[PDB]
Amino acid sequence: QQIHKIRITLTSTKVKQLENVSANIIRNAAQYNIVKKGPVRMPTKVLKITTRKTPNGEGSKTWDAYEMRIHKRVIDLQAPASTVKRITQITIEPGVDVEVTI
Amino acid sequence: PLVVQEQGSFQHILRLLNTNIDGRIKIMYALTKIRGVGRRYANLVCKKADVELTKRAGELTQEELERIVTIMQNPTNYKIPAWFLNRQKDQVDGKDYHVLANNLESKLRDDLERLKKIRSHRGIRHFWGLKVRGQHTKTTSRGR
Amino acid sequence: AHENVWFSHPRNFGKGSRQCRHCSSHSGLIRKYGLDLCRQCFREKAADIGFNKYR
Amino acid sequence: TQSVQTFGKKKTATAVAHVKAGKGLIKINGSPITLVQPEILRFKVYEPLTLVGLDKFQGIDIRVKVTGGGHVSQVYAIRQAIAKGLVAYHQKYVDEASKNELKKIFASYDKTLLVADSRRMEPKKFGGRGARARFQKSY
Amino acid sequence: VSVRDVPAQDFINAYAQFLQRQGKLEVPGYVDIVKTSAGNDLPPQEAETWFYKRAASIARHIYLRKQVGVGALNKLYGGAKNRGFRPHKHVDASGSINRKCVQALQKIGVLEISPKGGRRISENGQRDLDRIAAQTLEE
Amino acid sequence: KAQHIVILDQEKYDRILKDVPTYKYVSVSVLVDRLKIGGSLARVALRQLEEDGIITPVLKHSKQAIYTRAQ
Amino acid sequence: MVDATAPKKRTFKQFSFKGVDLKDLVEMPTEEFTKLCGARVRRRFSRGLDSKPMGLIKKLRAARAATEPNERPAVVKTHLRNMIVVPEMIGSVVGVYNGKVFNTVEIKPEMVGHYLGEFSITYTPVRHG
RNA sequence: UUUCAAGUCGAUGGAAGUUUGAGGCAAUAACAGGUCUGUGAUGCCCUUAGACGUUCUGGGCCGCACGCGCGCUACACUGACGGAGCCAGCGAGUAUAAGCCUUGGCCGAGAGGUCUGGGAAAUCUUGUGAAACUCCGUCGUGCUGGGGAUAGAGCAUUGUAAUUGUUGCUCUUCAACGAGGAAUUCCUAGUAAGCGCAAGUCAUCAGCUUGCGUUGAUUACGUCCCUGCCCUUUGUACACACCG
Ligand SMILES: [Mg+2]
Ligand SMILES: [Mg+2]
Ligand SMILES: [Mg+2]
Ligand SMILES: [Mg+2]
Ligand SMILES: [Mg+2]
Ligand SMILES: [Mg+2]
Ligand SMILES: [Mg+2]
Ligand SMILES: [Mg+2]
Ligand SMILES: [Mg+2]
Ligand SMILES: [Mg+2]
Ligand SMILES: [Zn+2]
Numbered sequence: 016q017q018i019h020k021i022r023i024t025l026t027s028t029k030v031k032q033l034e035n036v037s038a039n040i041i042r043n044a045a046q047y048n049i050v051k052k053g054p055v056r057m058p059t060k061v062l063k064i065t066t067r068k069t070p071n072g073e074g075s076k077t078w079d080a081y082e083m084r085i086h087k088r089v090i091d092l093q094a095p096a097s098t099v100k101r102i103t104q105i106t107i108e109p110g111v112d113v114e115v116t117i
Numbered sequence: 002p003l004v005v006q007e008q009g010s011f012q013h014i015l016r017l018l019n020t021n022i023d024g025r026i027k028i029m030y031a032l033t034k035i036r037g038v039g040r041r042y043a044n045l046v047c048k049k050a051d052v053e054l055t056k057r058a059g060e061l062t063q064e065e066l067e068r069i070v071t072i073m074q075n076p077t078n079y080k081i082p083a084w085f086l087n088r089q090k091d092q093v094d095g096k097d098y099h100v101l102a103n104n105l106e107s108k109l110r111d112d113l114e115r116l117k118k119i120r121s122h123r124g125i126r127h128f129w130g131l132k133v134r135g136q137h138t139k140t141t142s143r144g145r
Numbered sequence: 002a003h004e005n006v007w008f009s010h011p012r013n014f015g016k017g018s019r020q021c022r023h024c025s026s027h028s029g030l031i032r033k034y035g036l037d038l039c040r041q042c043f044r045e046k047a048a049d050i051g052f053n054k055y056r
Numbered sequence: 003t004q005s006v007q008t009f010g011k012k013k014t015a016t017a018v019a020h021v022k023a024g025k026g027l028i029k030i031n032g033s034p035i036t037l038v039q040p041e042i043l044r045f046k047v048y049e050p051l052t053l054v055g056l057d058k059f060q061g062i063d064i065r066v067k068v069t070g071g072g073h074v075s076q077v078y079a080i081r082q083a084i085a086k087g088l089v090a091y092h093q094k095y096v097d098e099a100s101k102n103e104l105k106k107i108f109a110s111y112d113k114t115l116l117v118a119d120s121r122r123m124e125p126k127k128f129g130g131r132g133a134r135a136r137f138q139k140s141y
Numbered sequence: 004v005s006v007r008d009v010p011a012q013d014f015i016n017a018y019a020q021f022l023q024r025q026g027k028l029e030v031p032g033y034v035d036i037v038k039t040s041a042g043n044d045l046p047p048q049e050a051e052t053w054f055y056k057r058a059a060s061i062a063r064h065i066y067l068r069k070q071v072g073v074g075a076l077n078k079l080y081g082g083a084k085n086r087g088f089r090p091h092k093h094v095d096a097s098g099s100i101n102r103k104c105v106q107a108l109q110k111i112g113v114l115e116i117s118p119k120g121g122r123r124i125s126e127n128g129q130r131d132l133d134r135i136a137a138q139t140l141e142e
Numbered sequence: 058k059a060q061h062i063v064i065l066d067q068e069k070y071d072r073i074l075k076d077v078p079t080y081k082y083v084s085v086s087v088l089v090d091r092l093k094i095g096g097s098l099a100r101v102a103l104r105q106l107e108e109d110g111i112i113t114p115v116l117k118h119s120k121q122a123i124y125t126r127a128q
Numbered sequence: 001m002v003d004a005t006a007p008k009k010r011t012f013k014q015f016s017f018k019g020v021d022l023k024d025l026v027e028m029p030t031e032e033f034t035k036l037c038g039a040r041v042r043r044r045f046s047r048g049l050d051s052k053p054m055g056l057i058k059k060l061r062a063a064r065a066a067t068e069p070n071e072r073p074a075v076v077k078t079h080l081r082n083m084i085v086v087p088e089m090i091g092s093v094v095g096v097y098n099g100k101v102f103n104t105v106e107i108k109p110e111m112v113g114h115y116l117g118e119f120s121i122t123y124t125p126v127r128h129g
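Residue numbers (the UniProt record's numbering), protein chains in the order written: chain A, 16 to 117; chain B, 2 to 145; chain C, 2 to 56; chain D, 3 to 141; chain E, 4 to 142; chain F, 58 to 128; chain G, 1 to 129.
Wrong hints could be hidden among the right ones.
As the list claims (entries may be wrong) - Mimicking EDC-like on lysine to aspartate or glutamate, the simulated pairs with C-alpha atoms at most 20 Å apart in a straight line are: (1) B:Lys-49 x B:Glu-65; (2) B:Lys-96 x B:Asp-111; (3) C:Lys-54 x A:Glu-82; (4) F:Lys-120 x F:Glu-107; (5) F:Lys-120 x D:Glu-41; (6) G:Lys-9 x B:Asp-111; (7) G:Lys-108 x B:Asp-94; (8) B:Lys-118 x B:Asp-91; (9) G:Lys-52 x C:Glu-4; (10) D:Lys-101 x D:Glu-49; (11) G:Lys-13 x B:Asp-23; (12) B:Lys-117 x G:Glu-106; (13) D:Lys-25 x E:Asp-8; (14) G:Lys-77 x G:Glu-118; (15) E:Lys-84 x E:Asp-44; (16) B:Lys-90 x G:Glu-31; (17) A:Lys-20 x A:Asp-91; (18) D:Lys-106 x D:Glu-49; (19) E:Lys-103 x E:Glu-49; (20) D:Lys-105 x D:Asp-57; (21) B:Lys-118 x G:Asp-21; (22) F:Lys-58 x B:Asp-23; (23) C:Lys-33 x A:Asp-79; (24) G:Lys-13 x B:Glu-114; (25) F:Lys-93 x F:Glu-68.
Read the hints as simulated data drawn from the structure, not as lab findings.
Given the sequences, and given the hints that come with them, work out the whole structure.
In structure tokens form, the structure reads like this:
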């Protein structure tokens with residue numbers, strides 16, 4: 016449980032906090048002499064829901080088109096597991112959730 | 002594989018199973034005039050009888066004509082699949098059959114009274130001449 | 002006796018097998034992404050859930 | 003060695019052309035261009051060849067990989083990748099005087115040899131089966 | 004010379020002739036009865052040779068790819084079904100015909116069951132197909 | 058009213074070899090139009106006449122066969 | 001057409017269902033009988049018979065045992081009109097709900113293999129004018 | 001060209017020169033427009049134990065002398081089949097469940113079955129090897145191999161349950177229709193038209209919608225002649241505003 020190629024997967028709805036955490040981790044992986052791979056921009060997923068405007072069934076056939084973009088980024092680090100987890104607490108953000116896989 | 006000629010051997014009108022067949026139609030599609038014989042069925046009896054499909058009806062000799070009517074009357078004896086047959090798992094004797102020109106409407110009729118005699122729902126609507134398989138009749142089938 | 006008859010008919014894989022989260026309706030349900038919400042309840046909660054109109 | 007890699011595009015079809023120094027190998031997805039299946043359009047990919055003269059391809063070999071789009075849309079993507087690859091090779095490994103000469107003949111014949119068509123499919127709008135078409139109205 | 008250097012349409016007509024003249028391919032007994040797809044309405048018009056030509060297409064199609072399954076072969080040769088009044092739809096081909104061809108072809112050679120699914124082309128499969136390409140283009 | 062002939066007798070056969078050469082342009086429809094033979098019979102006649110050298114193939118296609126006289 | 005044969009013989013006609021005559025038909029277990037009828041019937045018995053069809057057969061059997069001067073075996077009424085007629089229940093009379101009334105049907109031998117509710121139409125026929 | 005102004009029309013360059021294409025949002029008031037059949041949103045009236053509450057069983061919403069609207073197949077050869085060639089994009093996907101997408105192998109003419117494995121997903125289904133399309137053949141102007149209703153018999157899937165055939169497959173049966181009166185709809189560029197594919201509904205069922213891509217045009221780029229709306233002037237005994 017020393018050095019470890021560790022993958023961190025980042026998913027969120029908003030890109031500013033995703034890129035701030037991504038850049039902050041990359042920045043912290045720079046002053047610490049840790050070789051890094053990323054961030055990798057995964058193809059964004061557009062969750063689309065198209066309903067009818069009318070609560071009843073009358074009028075011109077008009078539709079709403081709601082959207083929910085999901086952006087996913089993975090960053091590869093070469094560091095021991097204790098080091099990577101404390102970086103996550105440094106760059107904790109309410110919007111972005113974090114999962115760590117070895 | 003070339004144009005060939007013949008004289009006096011062509012037969013303009015054939016009579017098979019008491020049905021008149023035009024002799025200048027290709028054999029695979031000429032036999033479809035016989036009721037109970039579709040395009041799919043005519044393709045196989047010609048191939049089981051070693052009658053190449055490139056021949057018109059009148060081109061055939063008597064030996065081939067009897068060989069075809071023999072196969073149609075005895076399909077299972079010539080490796081014709083059961084699922085390929087017209088009337089399989091027959092109602093009365095339970096064997097696989099293929100009814101033909103002067104027999105199809107007889108057993109189709111016998112099926113109708115067999116439906117009407119038991120007074121099934123399907124048999125009643127057949128008597129009225131309406132659709133029996135649940136089709137809507139509100140807005141379709143208004144001719145006479 | 003009665004307990005074996007009351008509410009005995011199966012209520013799975015049907016439209017009555019599910020209901021709206023909000024109004025417990027059976028018609029116009031949305032099952033995409035496991036929403037399980039009526040189309041009318043979705044509109045009044047879409048902004049809260051995170052669905053916005055862009056195009 | 004002297005290798006340049008380019009791409010041409012149509013609606014969705016994209017053909018990636020690799021132009022290396024060699025004997026003049028010109029293949030479509032690993033197959034010679036003499037056997038494109040849109041036979042009626044075989045001269046669309048022959049146009050970038052016969053316009054300049056086959057002598058220009060002696061020193062270069064071209065291998066393209068075309069994916070996406072449709073049968074016709076792939077042909078226009080391929081012919082663009084070939085035309086752009088020849089120009090990009092001259093600009094990098096030959097004098098620019100020759101590159102401007104080649105670019106002149108292609109453009110004077112058909113703009114789509116070098117310039118990608120910007121047309122994309124219009125989105126469909128509700129109330130009709132197409133982008134502009136609408137459901138038949140009744141009174 | 005390779006398979007990719009010869010037109011596909013007249014290569015299959017040449018490989019079909021060899022497989023029939025070679026005679027070693029085992030032909031199932033229902034080839035004169037069955038239709039290729041549930042979407043088809045009639046059996047093949049080339050009763051004596053259709054199985055050979057289809058096996059030639061399957062062998063040639065597998066040559067250019069990696070671990071294609073038998074389910075994918077049904078989709079490839081399937082077409083639009085003629086639903087009477089309902090709109091047309093794509094329907095897969097018959098499973099037995101495709102599975103029998105590759106199985107018949109496996110003890111005659113050219114293919115074998117590949118790792119991670121599908122059916123690869125055999126060590127000898129490249130050797131004899133590339134041969135057929137050469138005896139295709141001498142005319 | 059068509060009633061095109063589908064069986065080739067001898068009177069029409071030598072009439073064909075005497076008339077087809079004296080045509081500016083022969084095709085599947087030309088044989089049907091003027092010789093009163095059927096379309097299928099027209100297709101086999103063209104494929105043999107080319108092998109016998111009387112007819113030169115201008116263009117080859119499944120749906121259209123463009124032929125001309127060879128003299 | 002080779003010829004035209006028309007012989008036929010009087011083999012002492014008795015009702016037969018798919019090669020099995022009435023004498024043997026009646027004394028078949030329903031497990032054996034279902035093996036020679038249509039696909040829909042064969043699927044239904046493999047899917048498992050719930051208690052309702054099995055309970056009705058027992059009552060239909062008892063109703064026949066009620067009378068032994070050989071007259072009609074009295075009626076058992078039921079809502080389960082998805083019942084498949086079996087040779088065991090030939091001659092019994094059942095009242096099958098059509099939503100409002102108990103339509104009375106007599107199980108003829110030729111009715112076998114059909115749905116029990118198929119002989120009690122659920123709608124009164126339309127009559128214009 | 002123009003009041004030399006706002007602008008407009010041509011070229012050149014340009015990826016893009018129609019607001020670059022398309023949408024989302026969208027003013028001041030208003031309609032007795034539609035919904036209390038989306039709401040544990042509601043006021044009032046009715047009912048409230050033989051319920052108009054709720055539940056079980058079965059049927060109906062599909063019922064058929066008829067008129068009308070939104071559509072799908074077609075009336076053939078610029079085509080049907082039979083083989084062969086073989087290219088997209090938008091998306092979705094599960095656990096002790098109550099069962100998701102399902103490749104690959106093995107059975108089956110098919111529909112489909114079975115055994116394993118991958119995927120909570122740019123990883124696997126999936127390059128969704130889609131259909132039109134292209135090539136080579138059969139057909140040959142024929143209600144014909146166009147067209148596939150109607151019906152008989154049989155084989156599977158889902159579901160407690162398929163009868164009033166859920167749907168799929170096999171054989172047979174093969175009807176009107178031979179391009180459609182008066183009228184009337186949509187549409188200006190990757191547009192119209194075809195052509196399929198995905199998502200929604202969904203245990204099963206898409207001739208329906210919402211989108212997506214493949215092939216891909218003719219003809220204006222003008223006017224107020226018809227039709228609708230807006231503005232100005234005008235008349236008014238209307239202002240609950242001509243439904244006066
Ligand atoms: Mg009755
Ligand atoms: Mg499959
Ligand atoms: Mg095909
Ligand atoms: Mg007689
Ligand atoms: Mg505009
Ligand atoms: Mg009920
Ligand atoms: Mg509408
Ligand atoms: Mg075709
Ligand atoms: Mg299931
Ligand atoms: Mg006006
Ligand atoms: Zn709701």
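Okay, the hints, checked on the actual structure:
{"no.": "1", "hint": "B:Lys-49 x B:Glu-65", "result": "11 Å, holds"}
{"no.": "2", "hint": "B:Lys-96 x B:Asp-111", "result": "17 Å, holds"}
{"no.": "3", "hint": "C:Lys-54 x A:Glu-82", "result": "6 Å, holds"}
{"no.": "4", "hint": "F:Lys-120 x F:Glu-107", "result": "17 Å, holds"}
{"no.": "5", "hint": "F:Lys-120 x D:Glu-41", "result": "16 Å, holds"}
{"no.": "6", "hint": "G:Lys-9 x B:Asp-111", "result": "18 Å, holds"}
{"no.": "7", "hint": "G:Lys-108 x B:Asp-94", "result": "19 Å, holds"}
{"no.": "8", "hint": "B:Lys-118 x B:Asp-91", "result": "18 Å, holds"}
{"no.": "9", "hint": "G:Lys-52 x C:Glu-4", "result": "18 Å, holds"}
{"no.": "10", "hint": "D:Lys-101 x D:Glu-49", "result": "18 Å, holds"}
{"no.": "11", "hint": "G:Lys-13 x B:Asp-23", "result": "41 Å, violated"}
{"no.": "12", "hint": "B:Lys-117 x G:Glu-106", "result": "15 Å, holds"}
{"no.": "13", "hint": "D:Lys-25 x E:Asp-8", "result": "17 Å, holds"}
{"no.": "14", "hint": "G:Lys-77 x G:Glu-118", "result": "15 Å, holds"}
{"no.": "15", "hint": "E:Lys-84 x E:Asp-44", "result": "9 Å, holds"}
{"no.": "16", "hint": "B:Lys-90 x G:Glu-31", "result": "19 Å, holds"}
{"no.": "17", "hint": "A:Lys-20 x A:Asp-91", "result": "7 Å, holds"}
{"no.": "18", "hint": "D:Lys-106 x D:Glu-49", "result": "14 Å, holds"}
{"no.": "19", "hint": "E:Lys-103 x E:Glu-49", "result": "18 Å, holds"}
{"no.": "20", "hint": "D:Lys-105 x D:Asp-57", "result": "16 Å, holds"}
{"no.": "21", "hint": "B:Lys-118 x G:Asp-21", "result": "19 Å, holds"}
{"no.": "22", "hint": "F:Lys-58 x B:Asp-23", "result": "16 Å, holds"}
{"no.": "23", "hint": "C:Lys-33 x A:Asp-79", "result": "16 Å, holds"}
{"no.": "24", "hint": "G:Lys-13 x B:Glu-114", "result": "18 Å, holds"}
{"no.": "25", "hint": "F:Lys-93 x F:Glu-68", "result": "13 Å, holds"}
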